[PDB]
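Provided herewith is a single structure, encoded as structure tokens, for subsequent inquiry.
All protein chains but one are shown at their positions in the complex.
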Amino acid sequence: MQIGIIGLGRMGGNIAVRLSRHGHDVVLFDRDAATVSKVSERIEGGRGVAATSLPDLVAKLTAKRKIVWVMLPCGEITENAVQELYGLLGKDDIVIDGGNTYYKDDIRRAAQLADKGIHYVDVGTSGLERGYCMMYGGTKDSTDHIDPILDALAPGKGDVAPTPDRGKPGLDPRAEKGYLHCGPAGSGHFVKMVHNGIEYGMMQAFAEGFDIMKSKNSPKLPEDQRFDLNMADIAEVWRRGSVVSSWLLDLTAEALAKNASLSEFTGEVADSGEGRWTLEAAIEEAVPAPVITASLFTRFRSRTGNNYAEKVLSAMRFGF
Amino acid sequence: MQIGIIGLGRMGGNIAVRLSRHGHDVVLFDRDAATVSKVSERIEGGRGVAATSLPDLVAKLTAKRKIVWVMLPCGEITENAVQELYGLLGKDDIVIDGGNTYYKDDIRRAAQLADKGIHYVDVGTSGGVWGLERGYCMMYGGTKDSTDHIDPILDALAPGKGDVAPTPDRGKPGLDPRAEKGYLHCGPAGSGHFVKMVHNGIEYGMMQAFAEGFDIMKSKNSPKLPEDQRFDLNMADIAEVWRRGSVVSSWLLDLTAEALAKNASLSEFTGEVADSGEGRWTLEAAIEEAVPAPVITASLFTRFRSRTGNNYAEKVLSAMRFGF
Amino acid sequence: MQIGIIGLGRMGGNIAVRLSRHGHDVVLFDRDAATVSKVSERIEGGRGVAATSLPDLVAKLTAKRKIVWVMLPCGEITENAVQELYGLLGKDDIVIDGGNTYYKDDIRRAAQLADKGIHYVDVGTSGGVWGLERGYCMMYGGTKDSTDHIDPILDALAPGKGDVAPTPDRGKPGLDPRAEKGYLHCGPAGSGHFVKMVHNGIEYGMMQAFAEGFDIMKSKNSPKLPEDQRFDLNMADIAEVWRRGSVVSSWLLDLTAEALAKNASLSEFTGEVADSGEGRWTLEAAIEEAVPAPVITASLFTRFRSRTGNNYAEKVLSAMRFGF
Partner (left out) sequence: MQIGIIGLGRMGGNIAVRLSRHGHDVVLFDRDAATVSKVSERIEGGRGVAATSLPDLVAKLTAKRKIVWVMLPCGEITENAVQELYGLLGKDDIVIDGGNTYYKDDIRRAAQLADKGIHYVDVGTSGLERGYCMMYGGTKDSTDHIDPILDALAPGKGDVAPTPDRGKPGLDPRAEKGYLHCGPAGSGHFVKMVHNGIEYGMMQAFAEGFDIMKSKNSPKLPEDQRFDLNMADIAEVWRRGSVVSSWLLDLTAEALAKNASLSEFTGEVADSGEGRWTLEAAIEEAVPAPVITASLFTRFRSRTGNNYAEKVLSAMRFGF
């Protein structure tokens, strides 16, 4: 199949390359022509066309149904591209938003684009060589049509042990290949958002445990209550056969082996948006979510010094 | 090597069997003689001997250094066995406590046993489910002399390096290569059960992170939501897709996908969750050390509240609300 | 002064009565004419007039600047009234919204109304229980011109300085002396409902702090504790003793002591706690501003969980635990 790709950052460029390596043709565009030419040089021979604008890209899509994948900075930039494509595309064409879009915008865009018969698909991704775990929303018609593109990008079943009771109606076998049609437009970015919220919580659980172990050698403790524990070795031993074995643990063991004191790191952690939006979904649904909440607030506080709340505490105490 | 094992519950019996399958001679004891004979039947090649009492077990250990592994219920029972061994063993013998003992008890026991030259080793194990065939992830404390001596025993029980990708940049002093085989000498006595305790605390937090996310997704179809804000999400398929290539890929996720595939409604579970000592003890360590631990704490409190109806705090909230 | 009031529920009717007791002429309207007549009966000295519709209410306001106070259910109902007034009023008239409106709606309404020169004032009130006799603590937003004009109305409704000790060091520029009387111009439109929203968020946290402490004390007699670690504590007397000279002395404590004196078991309350918009909206503001707010969040989540049985998250926890 042929697909246009707008946005050639790390993920957009890699997506184009992996598609071209799996027998699909790509039409490439990015605001920066040097990035366009770099990705063109990375794409398998003759599997690619470079466009110079969005209209030129659309004109270069010659299949019955034009498919355009947008991988742009979330927000106004992605919205601008979507509206321009809304003007340039027509009935049964397909727009895929692979960005970290707030899922409610996906619901809105899909409704607008449907007034012209344009199908909207939101893809949340979690690479070039290993494939992309994908959670996506849209109509059955459009997601069926683009199934070959997604199958090309997905990791496939791999060598992990299969989940035992999966042979039943209601369970989509494509989930075992690492890509899942989650429901209508917006549901893919919604599931990806919660995936990131869970990830935040897992990260904070590990981070707290390692802090507790590191601080078991604290001067504030009496010497006979101290242990001088080896952080990198503990992360490593947990990699094999423990209940906490996980991709996150693997990363932590690599970072601790490099520099166990973590002296090279500030500890100032951003939150990309998905954490906040996960908490908002919890609020909307009256779901208690203390772990994702604690993870988000730890991130907020890591970026400031002492904040006004803490100054209020000191002021109250002094007033005693 | 020859090793005595007292306590033949699931873990003790499995440990005896795996040791014997790696060619070690094991002397078996349990308060219930029928359990001793059940475990003996599982050992092959004559590498198992049934003892009739704890003194008889000790008498059957003929090596220069007697090694006795205690795998009993936490608390008074383990303590009784350790005190009896204090009386029965002598200089350079080794007592291993493999239960989920509170690590401060290990510090006290090792100091006492050192009075007679008896070495005390605390072993914390993870992975008890798949352990017989797949091996045990182990975190253990004690003196270098004794833990060096029992290295073949621990290596027999550990999973080995396996086929996972090796961690980069480990060829440095300070980093124990045995960690890559799944068993780690953590420091002096008590440090093994301390590290295992924190492992469980982290596990609590990871479990709660998943449980919250799945609750949010499940309730995206809630009647309380406007119809046009709902999604009817497939919990088992979402669990499954995250298994391959995602940031939350993990053994806990594998279990969750299996449970959800079996029955997505989780019909068969009440939701009333117990907590063993380790979550509480991890939070105690955080407090002692002035470490913020909101995720482990939230996991513990969620468990507390899952076991009750509305509690007194909530009734106080209602009374205040009525008051204005 | 003359003022129209639309919405004669508990708060609207009480506000009309107190205004009239301070000599203001009030024009009354409510969708239910029987409520209008009930409130009219409570006004003395001819200072109340019953209107028959919102346009009739507006027609009965003969001052240079028409002032209309809207005290209706949050949401579509208040919005309908505000839009109708946008059509009926003109330059320099004043619309006051006294409900618990989401403050972003106040920002939008004030911008729209300024198209016709109509001034919009948001008033957040606290103390609705004792308000008729004791006055209303008020937080309000709008232009200086309009809020200056309605100052006698707000002063009539406020508690006044009373007999509490004055706050030291308030004789400074930047500090509004009206704050000492219990009504504060908080800034532009929306800022009054914003400050009131945060007031309620703090209240949630204070309530939960007390509720947790009382739960800890009540459960100090728990059967799960060893008998020699129990205390049988008297909740109502502990509440009472804290009223005089303690750090937790507060109106919430006064209410709690009263409720516990009435019935210490709190037998009559389920513990299932609702939450109006303000707790959620306070947390939304914290998120927007990247402010950690763990206590307000914990109070909200406690309320969520008080209303359900075991939820899906807890069933996921049970399923994972069974898995190993």
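A few points about this structure:
Letters are used for the chains, namely A, B and C, taken in the order the chains are written, and counting of residues starts over at 1 for each.
Note that contacts are C-beta pairs under 8 Å (C-beta built on N, C-alpha and C of every residue); 3 or more make two chains touch, one makes a residue touch a chain.
One of C:79, C:240 or C:272 touches the chain omitted from the figure, and that residue is C:240.
From the options A:2, A:163 or A:215, the residue with contact to the chain not on display is A:215. The chain not shown here is touched by just one of C:12, C:13, C:98 or C:201, and that residue is C:201.
The missing chain lies against chain C, touching residues 126-127, 130-131, 134-139, 158-162, 164-165, 167-170, 172, 174-176, 179-184, 186-188, 190-191, 194-195, 198-206, 208-210, 212-213, 215-217, 219-220, 222, 224-225, 229, 231-234, 236-238, 240-254, 257-258, 261-262, 282, 285-286, 288-296, 298-299, 301-302.
Contacts to the hidden chain, counted on chain B, fall at residues 280, 283-284, 287, 290-294, 297-298, 300-302, 304-305, 307, 311, 313, 324. Although one chain is not shown, part of chain A still touches it, namely residues 203-204, 206-208, 210-211, 214-215, 248, 251-252, 254-256, 262, 265-269, 290, 298-299, 301-302, 305-320.
Heads up, the rule we're going with is that only the chains that are shown with their structure count from here on.
Ranking A-B and A-C by contacting C-beta pairs places A-B first. Chain B and chain C have CA centres that are 51 Å apart.
Averaging Cα coordinates per chain places chain A and chain B 33 Å apart.
With each centre defined as the average position of its C-alpha atoms, the distance from chain A to chain C rounds to 41 Å. Across the assembly, chain A contributes residues 243, 286-290, 294, 297-298 that each touch 2 or more other chains.
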